[PDB]
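Next comes just one chain, in structure tokens: the form deposited without the named molecule.
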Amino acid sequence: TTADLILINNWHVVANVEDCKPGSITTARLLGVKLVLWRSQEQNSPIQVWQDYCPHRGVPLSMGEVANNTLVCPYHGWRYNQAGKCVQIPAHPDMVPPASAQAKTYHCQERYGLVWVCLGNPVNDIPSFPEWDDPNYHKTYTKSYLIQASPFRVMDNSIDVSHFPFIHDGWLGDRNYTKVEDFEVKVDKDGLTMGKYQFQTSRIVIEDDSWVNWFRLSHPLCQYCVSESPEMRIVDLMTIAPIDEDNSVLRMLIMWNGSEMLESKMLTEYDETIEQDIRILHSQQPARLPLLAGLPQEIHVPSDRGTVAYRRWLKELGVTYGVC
């Protein structure tokens, strides 16, 4: 579509590396752009991420096939090498393909088992995830969640902490303990950091009903969360793929230093609470996130200081896509 600079020139997860097998074709959408992801059959072949579009007659390349180290358009069989250049036009086998015959290619990097894509010029680093190679931690990935809400409303809901005892009653919050103690938030050059805050709840992951959480966003659509009890530490990297201004894909990478056998329960806790959030996200109007300044204007109370700082951060960053 018509996204902004902090968005176009940043890295976004569009797939799990396990989604992209050798010789395979898959698709995604990012910032209004249709993407094709493909790999040759070679062992550990790299992933190409291109705009899903043959410039000859406008057919999606994802409808084609991988042949050797090339992607072949189904309509007239033009073949594109790994750099996106047309190397063969079958109707004219002795013709040099015109230089214009080329797919639009994007930057792709595999990191944390996720496929990261930059549609522009990649001036930012991929967000840090310190536990990735820590041998004390195990990992698991949630399924993806397609959410009919603005990506910035999706992240707003993930920075929100006061909703835990209501839509997450029995999982992350306690309807008996609704008060939200004070906490600190700072927005600097490291992005947005929400400081330590304690909340009363036990988790399927029992007398352990005191958890201290904090989180950081260096990237407005990624969040690194740390949730700690005396017994265990759980971290997660949530990535929100902005399909367009009104639709999102949520993925979460979870790591924990307890027993590896907790994996099933971890995925259940996250699945339950994600779907609880999605019920609210789908209902919110207007769909795009209102920035600080028909329907009434938003109201803020002190426990909204982090979601207020997020709206302020988005404005300073110059975000206009998916917001209002």
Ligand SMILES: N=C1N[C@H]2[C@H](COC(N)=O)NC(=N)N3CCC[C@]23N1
Contents of the next structure:
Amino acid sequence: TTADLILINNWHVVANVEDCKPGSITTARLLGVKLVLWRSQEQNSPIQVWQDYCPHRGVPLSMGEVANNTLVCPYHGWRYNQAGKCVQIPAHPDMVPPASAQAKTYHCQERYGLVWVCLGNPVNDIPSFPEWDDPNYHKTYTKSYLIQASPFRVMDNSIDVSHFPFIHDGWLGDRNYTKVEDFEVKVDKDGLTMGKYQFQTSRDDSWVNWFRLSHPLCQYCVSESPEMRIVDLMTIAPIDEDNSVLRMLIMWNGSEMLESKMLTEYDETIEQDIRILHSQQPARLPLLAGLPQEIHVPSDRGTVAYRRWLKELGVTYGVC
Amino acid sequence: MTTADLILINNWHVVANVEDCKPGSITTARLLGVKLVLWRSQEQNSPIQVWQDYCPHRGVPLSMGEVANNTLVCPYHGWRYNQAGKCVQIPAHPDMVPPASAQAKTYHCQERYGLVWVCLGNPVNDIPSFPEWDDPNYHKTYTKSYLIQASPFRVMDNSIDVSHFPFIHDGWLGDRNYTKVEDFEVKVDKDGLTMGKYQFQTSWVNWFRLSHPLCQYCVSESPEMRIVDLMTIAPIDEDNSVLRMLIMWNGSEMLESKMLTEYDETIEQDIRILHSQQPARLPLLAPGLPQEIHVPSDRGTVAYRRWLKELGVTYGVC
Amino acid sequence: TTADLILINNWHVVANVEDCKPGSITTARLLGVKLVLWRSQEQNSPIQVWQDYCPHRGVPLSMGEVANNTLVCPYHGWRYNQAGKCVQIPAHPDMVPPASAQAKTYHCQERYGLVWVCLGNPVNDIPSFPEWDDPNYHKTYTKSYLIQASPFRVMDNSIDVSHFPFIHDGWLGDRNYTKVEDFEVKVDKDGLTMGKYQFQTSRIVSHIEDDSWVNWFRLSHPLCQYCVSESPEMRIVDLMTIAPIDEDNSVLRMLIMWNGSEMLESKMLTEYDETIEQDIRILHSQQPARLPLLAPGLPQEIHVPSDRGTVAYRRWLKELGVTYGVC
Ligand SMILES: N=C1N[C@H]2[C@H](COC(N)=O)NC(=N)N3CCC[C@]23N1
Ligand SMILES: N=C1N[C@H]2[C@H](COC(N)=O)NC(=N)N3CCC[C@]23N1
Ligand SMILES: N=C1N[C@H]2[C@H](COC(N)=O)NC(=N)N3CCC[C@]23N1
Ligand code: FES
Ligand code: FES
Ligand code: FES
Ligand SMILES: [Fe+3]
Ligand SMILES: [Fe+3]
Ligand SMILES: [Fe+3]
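Since the one above is the form deposited without the named molecule, can you give the form solved in complex with the named molecule too?
What follows is the entire complex, opening with the chain shown before.
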């Protein structure tokens, strides 16, 4: 559709690299734009990410097929090379295709095993994830979670910490320890950082957490106990103003065998969050100024800072 | 889909049956485009709270929470709201007095006739009268609720209409062999709309009164017994209704199953018409479809449309 | 609904006559209008096509019943004769029904075994289909295909010929024969005509070696197409009609005739069913849903020479004043 510039000119994850096999075609949606992702059959071939649209008669290129190093539209068979240019119009095999005959292409980077996409001019870097190449850390990926909520509501819920003893009771919080101790929040040029805060729970029931968003739809979260360190990179694909795809990449320095339990814990807490997110009204995130206005208490300082940050960045897409 | 019409916002509407609201329970309803939460504490004889179904902290429906002692507890961060709607406890700051704004939006509620009546505005008018409720000679019964995809004013218009009886109610309220409708009287004044006595030839004498444009008090009488009912139409929005009937009669109590079946048969015969009617809003008088036609036997539905215009109704009409 | 007079003042197929038995009641939708089709029980009774609406309290007359030569509303039993005039108000059997007690009636004509309807004042005539009266030709009707696309996109796809060797590979074309030979197109007093166009394919309805086919078509009406497909061994003609339900939905029907053995009917229906469904898969996917007209978000349409017919179609639609379901 017509997102804002801080969104258009930023990188977003739209798929896992394992979803794009050689020779394959897959689809995604980002900020209202339909995307086609494709690869040739060659070893280690790159991923192309284009608007899913043939400009001849408006057919989705994702309904075609990969032939050699080209994507072929199914309707009249126009072939597009890896750079998106039409190289052949079969009805007129000796005709030079017109210059307008070209797919709209976008920037694509593989990083952390994820497929990152920028629909505009990539002025920002992909958020950093320092544990990625650390040999002491194993990795696992959650499945994708399609969520019927504004992406900025999804992230709001991920910055919120006082909800742990309620919807995450027995997982991330304790019904009997509801008080939220003071913590610090800074918004500056590194984005939003929420400082260390302790919360009592087993998954050894003492975990210190902090997290940083250099990017309003990506969160780097660190949770450390004396026994082990777990970090994750949470990415929210903003499908449109009202729908999101959540993905989490998780790394931990404990035993490799803990993987199956890691995914079960995340799956349980994510679905606990999704139940709330689908229920929230209005579905779009209200900024700081029918339905009453939002109320803020001191433990909301992080989510208040998020709303202030979004207003400062000029976000108008998926908010109110 | 909400209204400012005073005769609607400043009036009482049935949203539920009291049997559906047990102690410690949480139920939901919609009225005039507003989502409601109904809840009671676990105490015997506890009152029924009727609030907008909405936590002002982060906008979660309160109806997804639980009842704890005398409070409704939001599931997201556990804020606790007392029976008066005031937040009494915010668990992340156990010693803090909640902000004054930490309050549920509460509505007037009154139990009457075994029904839960709600006023979203300023309760000017009283709940409709139902004289037989106090008469120990009359048994009572409640139909199930009927959700109807039609304007509430179309639903009431169909309930004031009498000439359709020999057609869609053939064999139940009329007879296809006696289709002529005899003369009858209708009055609209300070007490609302009153339809005088009428009767249909078959092979029962009736009258009814509306003081409230979405409630109807019906009287039907035979030599054998007398039946009265209070039909209420909850206006969910401009295009959807919930119809309920409270039926009272002074014959044998054992007639209950048959009466419920007869009502069910004729109500469903009406719903088949109501769901099909075009346009869905009720057309008022003298305003790509032609204007309605009125014949003498439509005098009651004509008077109903005149009454709604005098009352200034704009919601659910056209 | 549309003010476009070329649509309102034209004829459109809404049913097959075989779908309208004596005494029957059926429904259809046309240009946003809900229709009721009904016939008396008498043999050879005419077909009435009315707005599906009782002017008393707004009930669909299609929910009623046919009694003698009247259609009876189910709600209060008012009876409407074949001309749409209410002749009986059962609540007041002696009253003179008011002049307003009258169904909205539309012009209806049966032609080629199809039910044609005009919602307005018919300027144009029903398109002509010369082989209808030729006794050398056998006929068959496809079933009706409901398509979630603009009627003008559906017709665009039927005027298109370069797509045959791709989505009709193995049926109307050959992935080894993708070049589209030159052909002519005219927009004039006859409407839109595509001149003879030869293409390479063997077909299920003819001999293995009979693989050089020649197509031709004419539209005098923007949503009906008369197509002729001819080889040295056989000649096949069809009348395709597209009923514009609304701006975004259409019903396609095809009446097929051929100068050959009546035994070929099953293979004829198989070929048309296979190819129509291949077209529908594309039609459902195209964006935007309305047909973009010519004009020197989404990029603009690109045109190459083999698009000369679909370009002429878009030009013709602007000359005719079409605004419904386009752009
Ligand atoms: N499902 C979730 N589990 C939690 C873990 C805690 O962090 C770590 N690194 O274990 N990760 C994470 N990103 N957050 C943000 C909100 C709470 C949570 N969401
Ligand atoms: N289904 C319906 N049964 C009838 C009964 C009247 O019968 C009694 N016994 O009061 N109740 C009622 N509200 N009305 C209004 C019109 C006809 C009717 N609708
Ligand atoms: N599904 C379709 N089958 C075809 C038949 C004859 O076509 C051929 N090529 O024999 N009839 C017809 N009107 N048309 C227009 C487009 C192609 C076609 N659509
Ligand atoms: S629509 Fe893609 S080649 Fe024609
Ligand atoms: S949303 Fe209700 S307590 Fe936070
Ligand atoms: S609505 Fe058709 S007869 Fe009354
Ligand atoms: Fe959570
Ligand atoms: Fe009725
Ligand atoms: Fe085709």
